[PDB]
Structure formats: structure tokens, C-alpha cells
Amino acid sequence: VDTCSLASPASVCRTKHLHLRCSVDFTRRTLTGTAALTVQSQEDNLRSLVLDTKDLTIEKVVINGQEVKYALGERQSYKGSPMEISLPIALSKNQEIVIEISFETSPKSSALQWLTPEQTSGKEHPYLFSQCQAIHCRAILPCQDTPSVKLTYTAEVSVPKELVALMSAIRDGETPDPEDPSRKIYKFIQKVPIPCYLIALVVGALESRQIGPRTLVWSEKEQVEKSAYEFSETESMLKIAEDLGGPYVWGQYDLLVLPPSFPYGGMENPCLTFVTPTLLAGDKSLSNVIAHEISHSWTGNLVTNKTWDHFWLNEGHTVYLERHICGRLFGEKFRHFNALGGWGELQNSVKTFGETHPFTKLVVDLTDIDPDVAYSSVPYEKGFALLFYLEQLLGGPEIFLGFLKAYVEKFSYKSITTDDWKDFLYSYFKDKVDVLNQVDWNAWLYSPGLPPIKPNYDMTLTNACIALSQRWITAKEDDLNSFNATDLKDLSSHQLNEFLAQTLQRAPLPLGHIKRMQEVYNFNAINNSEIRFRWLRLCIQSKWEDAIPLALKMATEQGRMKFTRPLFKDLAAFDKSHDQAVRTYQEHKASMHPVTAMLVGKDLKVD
């Protein structure tokens, strides 16, 4: 059972389809419309059901052409408010009906960010975007807001006519709105069943450029050219992903580059991956995020976690496929480099939460926990470590890739648990059960902290990073002169990042070391977001006042949580920048993404 949902579960009734008709009102910051849910009863004599909602105003509920009775229960914090609907005729098992709900969202909808013209690139038009994962779809429309239920959908979205709407669906035409000629109606169809967390909507002054046979890039005009180059590897990754996963079933693979306040690196919305503009490094170096989102087209979007306790299924397997894609393009030594980096990120997470913290378990019990608060690298990298350990145990990547493709085929279009996964693993590898039984399943799956065993990693690309980091850590004042720009000459951007990650793990360093590093390496000049993030964290933790404005600016000019939360936390932990960090958060809070605002508040202990 799904302890993040207040809706009727899948064992009671299942939504099969949603037809959404809505209008986007920028003057009121509301979406208004009707959500027609085709619901199939899973039981005899079904006479009511319950849907999830959050800050929704319900006008009416119509079945068979007449209004029916419904009731909103009391709000249950971040879960929202259950909506019980009294059906007018009892349903038999497998009977389907259509329930048409008239609704309006709140301007404070946790699923949405409304941007003024000034917050966009073009400065003339406002912009709206959604982000439903994990449990924010209930803040857009009433639904069984659980990934245990998969549905198809169609939508008609009325927007001002100078703007474009896109969704996680195939575009199915556009027309002037009959009810308001200042407006255009965009239509959409998603014919593959999806969990409702994959429903998404953007409305803005968007333009497109074709970058492959099945891929357009979408952004504001000012970002199209740069985005098209940055993401030019996308077709080549889709082809590799198909090789590993089986056919791509979703038709189009388009990219949307969001405004800077997008809270994640990417979001795998089907047919339309959303990405942060912090990927726009100029050299394609952050394209592992594209590979990740592509991979979700199998792991997550086809095979889906049944509840958010089992989020590692989605993420661990996607990181495992991500790193194969990058390995195929750039070499097996690069795959091992990325893998070992990921372990370092897992070390960081575990150290941050503490080694006995429940959020460091692979499978987590989210009863009474907000999934947004529990969100971290753990499901990604502990999950990835488990799978790379199994790869090693079971005979190598070719063999384990056979299991991954079989797994995807087995559970396509379904929602599953960890036990489902484990059962199939044992079934696939039945000739190697004795090996599988050496795994400490309880510790890997259910214990906090670092995993009980670390995989083997090729070190070839990592060695230079470690060596340089170690030179800086062990340097005394009289050693600082020996550093020079030539130290970096054979390092890729990836290796520079890893050098910084390695060094950050032993921060602070002496202030004079950090000043020297700027003198000889000019890291202040680097706009690669991953590198600049780590460098600024290293500067702030080492108490360099000159970095304060740089860190404040990066924290606020974009909103990717990966970067914004630790930058604010570092700035708050430094006595010299503490009051400014808090003041800056207070000044920016009303114009931040709502989830990011909430989490940065909790981190700073402000409100």
C-alpha cells in the first residue's frame, strides 16, 4: 500500500484514462478546467472512491450528466486533502465510468512555478512549468496520485495565443480557442499508460530546433542555438539505450530547456524530457544527464516503482544504464571513473545524514515522511552500487545487461516492488543462485550507512585527480609556489571536477592554499556549473570572504537544488555570510520554486 497517497488504492479502483481540458490564467496564476477520469472498479458493489488533492478548489463533480455528492477531508500536511466521491450507481467489478471534475488550482500549487516576464530570457512573456514527481500531481488535478496506477491521457490546453504549450505527450494540433480569440488551444495525446507523476505542462514563448530524427530541442529563443549544440549527442544515446533496453516505445524524444529555477538536473517526462539550463556548459560535458533521462524511458517510465519506498528501482537502474551509455560513447575506463565518482557522492550523503540515518537505507519507509525531504543521492548511488556489485559478482557487464533487458521486458507497463525485482533476479540467474545467496540482502536493502561491500573500480582516470588533491592537502606554505597552471594540462573537465570533489571531501583547507589555487588555476573563470559549484563550496568552507558574493550569486541566479541547497547551507554555516544568506533567502523566497523554497527554508531553519 502507498503511504504517500490518500486515494483509493489500485485494489479498489484504477484510473485508465484522463481527459484534461484546462485554461492557463496568468493574471490569476490558476489552471482552471475539467479532469475527466475513466475509472475501472476492481470490486463488487463499489459505491464511493477517494482521490488525492492539494490546494484545489472543486466546483463540481459530474457523472452521467448530473452532479454528485463529494466531500473534502481535512488537510494532511504535504499529502493534501482526500476527496471522497459518492458514485450515483453501484459498480460491479471491471465496470468503467467517467467522472468529470471541475477544478481550479491555487497560485501556491506545489506542482507549479509561475514566472513573470522579468524572470524569463525574453522579458516580454510570462512562463509556467510543472514538476509532479513525486506527489505533486494532486496539486494540479484530482487523481489517484500513486505510481501504482498507470493511465493514458489526452489534454486540450487554452493559453494566450502568443504562447506555446507542451506536455509529456504527442502534440496533436492547435486551434484558436472558440470561447476567447485572444487564446489558442493546444492538444495532446499520450497513448502509453503512465503513472501520474509523469504528467507535465509548460507554457511560454518557446521555439524549437530539430537535432535528430526524433528530437526537437525547445527553449526560449535566446537558448535554442546553444541547446542544440549542447545536446547534439542525444540521437546517438537513444540508439545505444535501445540496444541495451529494447525498442523506444514513446514516439518522440524531445528536450525542453527550462528557465534557471528548474529544481532538478532533468525530469524524464515522457516524450519531453525537462532539463536545467545549468547543463549549457558549451562543450557537451554534462551530457550524462541526457543519458540519464533517456534511460528513464525504460527504467522508471516503462518499469515503474509501485510506491516511493521503492524509488531506488527507478534511479539505481537508470544510473546503471546511464553509465553504460557513457561507457559505450566514451570508453569503459570512463564508465569506471563515473562509477567511482558516484561512490564518493554516496560517501558524502551518508556523512551528511549520518551512518545510521533511515534516509541512507536503500528501501525507505516513507510513512509520514515528505518524499521531497527524503530525496538525496542515496537511491541513485547505493542503488547503482548494488547493481555494479551484482554485475561483478555474476560475470560482468555483458551478462548483467542481459538481465537488465529481460527485466525491462518482464515488467514493462507495470509497477513493481523491490521483492518483485529480487524474485526476477533470482529467476533469471537461477544457475547462479549460490552466488546470489552470498549477497547480504538485508544489509544492502534495509540497513543504513555505506553498503557492506565496495565494488572493484578501474583507477586509470581517477589516479591523477587523487594525486593532485593529495599534493594540495599535504602542501605546507613553502610548497604553494610549486603549483602552476601546468598541473591541469592533461586533465579533462571531468577530472578537474573530480579533483575538486576529492579536495572538498577534506575541506576546509588553509585559506592561503585556496588563494593560491585561484592564483594558479583561475577556477573563478570556469562557468561549468558542476566545477563552479564545488569550487565555491571549497572556498566558502575554507572561509574565503571574497567568494561570498560569488556563492550568493550562483545560489540565486539558478535554482537547481543540487547546487542551491548546499550553497545556501555553506553560506549559512560561515559566520561572515550567515546573515546575508538568510536575508537573501528571505528576499528571493516569494519568487523561488515552491519546493525549493520550502527545502532551503528547512535547511536554513528559517521561518
The other form holds:
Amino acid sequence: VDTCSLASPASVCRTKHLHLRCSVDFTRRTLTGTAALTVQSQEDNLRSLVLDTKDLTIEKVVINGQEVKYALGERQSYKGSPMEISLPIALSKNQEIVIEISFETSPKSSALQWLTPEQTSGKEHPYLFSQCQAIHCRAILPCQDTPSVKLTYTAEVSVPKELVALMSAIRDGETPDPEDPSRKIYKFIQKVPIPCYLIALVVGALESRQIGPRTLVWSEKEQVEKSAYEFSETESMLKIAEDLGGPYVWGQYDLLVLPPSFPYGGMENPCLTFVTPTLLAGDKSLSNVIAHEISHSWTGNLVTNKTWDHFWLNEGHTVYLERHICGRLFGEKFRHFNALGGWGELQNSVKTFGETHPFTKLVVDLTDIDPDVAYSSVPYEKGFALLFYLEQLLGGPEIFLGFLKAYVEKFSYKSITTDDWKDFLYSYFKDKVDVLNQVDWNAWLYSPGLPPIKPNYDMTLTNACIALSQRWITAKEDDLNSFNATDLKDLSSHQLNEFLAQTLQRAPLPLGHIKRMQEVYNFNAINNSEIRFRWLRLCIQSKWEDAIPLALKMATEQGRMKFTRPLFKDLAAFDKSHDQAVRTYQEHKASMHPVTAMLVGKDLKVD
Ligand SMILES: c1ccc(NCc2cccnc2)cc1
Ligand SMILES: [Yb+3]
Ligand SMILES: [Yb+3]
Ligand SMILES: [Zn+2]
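The form deposited with N-(pyridin-3-ylmethyl)aniline (11X) bound, contrasted with the form deposited without N-(pyridin-3-ylmethyl)aniline (11X) above:
So here's everything in the complex, that chain up top.
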């Protein structure tokens, strides 16, 4: 049971293919067109089926060339409204028909952000981008909006002729629009079956540059050069990923660098990974996000979670592969450093939610919970921790990577649950079952809080970060003079970030300490988004008023929720900035990404 979807389940009927024919109307902020769903009955005598929708206007539903009866049910909050369709002829098991639905989206579609020209780099053209994960596809088109169903797709998208459309699919040409010469039609094919949350569309003034044998980077013109350099490791990471996961099946691996309001670090849309421009640090230091998106091409896109309760399957294995890629590139000591950092992020998450909170469980129960509200680092880092623990238990990385590859092969093109994974783990490691039986599965999978066992981590690269953080925390006023820019001499950006993460865990620090830190380290000058985020959080939590404008600026000039949400929350918790934070949210809300707007509003208790 997919408790996030109102559609007929996969046991009743299954969408095999979507052909989408649509037009992007920037004047009305609507996508209008037809979704032709090829649906296969899984039941005898099937006479109706139900699809998910959210804020969609339905013109008509056509089957066999005639209009048929349908009904939209009452809205169920974030789940949208179920659409029941009356089939004109009862279907036998395995019979396939095509259902063509004429529809239009709402300007407030939670799947979409529509940007005015001033919100773009070039300032002349508007821009549209989608983000379907987890349950926002239903806000673009009527569908069985559950990852338990996998479908291929084709699309034809009409857009103003000065603009470019791209999708999570292979580009299949472009022509002028016969119905409107001011327009172009872009065509796309996705021949590998995918869950619908992987459907993606961008439309804007896009340019491309080739950066590897199977990768173009796409962005507005003013970000092309910087992005090509930032992501130049992409082909080397793809090759490593193929070694660990098996054949890359998707053809192209292109990158799209979004405008700053893109709500996540990356989204693994097949053939076209979407990324935040906050990755553009200038030195490739945030490239683990690319490694992560690349890894989803196996873990998530090939082997997929059956429902969102099992999201950790997607994220945990992906983080596990991510960290192996970075380990191969930069060394095993670096894989351990990143692993240990992740455990720190997990500590933060558990502390934030509370150690007994149900969202700190690995396998969650999303009944009546908006997946956007449950989203956190828990499935990423608790999932990774479980896999890293099992790696250590079962004899090391070489051995566990053998399992990972077998797992991907076994479940490729399928949707699976935690029990399917666990079952295969036991099958694969049958000669080590006594070891597996020592695992507290009930705790790891189903209990809240930190895991019952902490893995072993090499400390080599972490030691200097902890040592320096501890010097600062234990410093008294008469110690402040001893700090100097030479303290940072031998620290990488990764280590500077970890030093701040360690210190942030003990925040607040005395205001004089934080002022001295700026005096000697000049963290205000660092534009690396990860570093700047943690530094500004440390400043605001330590009540430094000078930091207020910097934090407000970062919170609003980009919209990656990882940064914008905690920055707004910290600004709201500081009495001196509370009123400004609320005001600033209120002023920006109408032009924010709709999901970001919703969550920041909840965080601020505004509305
Ligand atoms: C993107 C947006 C929301 C979700 N939510 C599903 C989820 C969250 C946390 C734990 N378990 C499952 C997933 C991806
Ligand atoms: Yb039934
Ligand atoms: Yb002293
Ligand atoms: Zn992910």
C-alpha cells in the first residue's frame, strides 16, 4: 500500500507508457495539453480506475476516440484530488488501452516554479523548472503517482521559439510549431521504465557545453564557463560508478545548473541531473553532490523504493556509492572523513527532531504525513550508517561492494521494500548469517534516535578539525590572542567546513570568540556555500548582530532548502532579527519556490 497515493495500486492496473503533448504558457503560467496513458489491467473485468491529480483542470478524457465519464473527488490536503475514470469497455487481465486526458496545470502547481525575467541571470526571458520528488508529479499531469509503477515516456513540448525545453529523457529533435510560428516543439524519448517522480522539465534561455564523451552541462549563458569547470570530474565519476554498479543504461549523462531557487542540492532526473548553482564554489570542492546524483542512476533510478516509507533504500545506498566514488578519487582516508562527517549530520538531525521522534526512524510510516515535511538527513545518514556498519561486519568494502553490484543487478527495473532488500542481503551473505543475526534489525530499521551501534571511522583527517574546534570552545578571553590565520594553514576547505560543523554543534560560543574568529580567519570572505552557511549559523546563534544582513542575504539570494530553512529559523530564534526574518519571508513568499515557501512558513509559524 502506497499511503501517499490516491490512485489505483499496481495490483489493479499499471501505467506502461505516457505520451505527453503540451504547451508552456508563460503569460498564464500554465502547462496545457494531453497526457496519453497506456494502461495495462492487472484484474479481470476492470471497469474503472483512479489517478492522482493536484490542482489540475480537466477538460476531458478520451478513450477509443470518444469522451468518457470521470469524476474528481474531494481534495485530501497535500495528496491532491483523486480522479476516477469510467472505462467504456471492461478489460481482461493484461489488456492494455490508451487513455487520453486533456488538462491544464494551476499557476500554483507545487511541482513548478515559474520565474520572471528579473529572477533569471540574463534578465530578458522567463524560466520554468519542475521538481516532482516525492509526490508532485500529480501537480503536473494525471498519473499513478507512486514509485511502485514504472513507465516509459515520450513528450512533445511547445515553447516560445527563443527558449529551450529539456526533460529527463533523450532529446529527439526540434521543429517550428505548426499551430504557432512564434513557437518551437521539442521532442523527447525515455526508453527505460522509470517511476513518475523522475519526470522533469525545464524551459528557459539555455546554452550547453560539452564536458565529457556523454555529458553536456546546461545553464544560462552567464554560468556555462564556471559550470563546465566545476563539474569537469563528471566523466571520471561515471566510470567509477559503472565499475561499482554495472552498465550505465541511460545513454546520456547531462547536467543542468538551475537558478538559485532550486530547492535541493541535486535531483537525479534520468539523462539530465538537476543541480543547485550553490555548487559553484570555483574549486570543484562540492563535487560529492555530482557523485551522489550519478550514483542514483543505479540506486534509486534502476532499483527504486516501492513506497516513500522505504526512501532510505534510495538514499542510503546512494550515499554509500557516493562516498566510494569520492574514496576512489581522493583516497580511503577521505571516504572515512566524509563518513564521520555524515554521522555528525545524523546527530544534528536526531537532536533537532528529538531522539524519540518518528521521523528519526529509518523506515518511516508516512500515513497522513506530507513527505515534504518528513524530509531530512535521516534516510541519507542513518541509511549510510547501516550500510557502513554492515560493510565492517561482513568483511570490508571489497566484499560489501560485491553485494551492492549483485543487489543492483537483482532488482534493476523493479520497485522494492526494505524486506526485499533484507531478504536479498541474507541470501547473498548466507555463509555469514550468524553475523547478520547479531544485528539489532528492529532497532536499526524501526526505532527512533541514533543507531544502536556506531561504526569505526579512521580519524586521520578529522583530528585537526576537532583539535581546533576544542581550542576555540575551551578558550577564555585571555586565550583569544593566540589564534591566528596560520591556524588554517594545512586545512582543506573540507576540513574548514568540518571545523565549523564541530563548533556549531556547541553553539552558541561567546560573542567575543566569534568576533575574534572573523578577525583572524576572515570567514566573511569565503563564498563556498557549505562553509558560509555554517559560519553564518554560528554567528547568528552566538548573537552577532553584524551577521544579520549577511544571513538574510544568503537566505534569500538562493533557495536551497538545506541552507534557506535553517538560516530563516536561526534568524527567527534571535530576538534582534526575529521581526526582520518574518518580514523578509512575507516579502519574498510570492516569488519563492512553492514547496520552500510552504516549509519556511511552517518553520517560522507564519500564516
Ligand atoms: C523528496 C521529498 C520528500 C521525500 N519524503 C519521503 C521521506 C522523507 C524522509 C524519510 N523517509 C521518506 C523524499 C524525497
Ligand atoms: Yb477491487
Ligand atoms: Yb587564562
Ligand atoms: Zn538523493
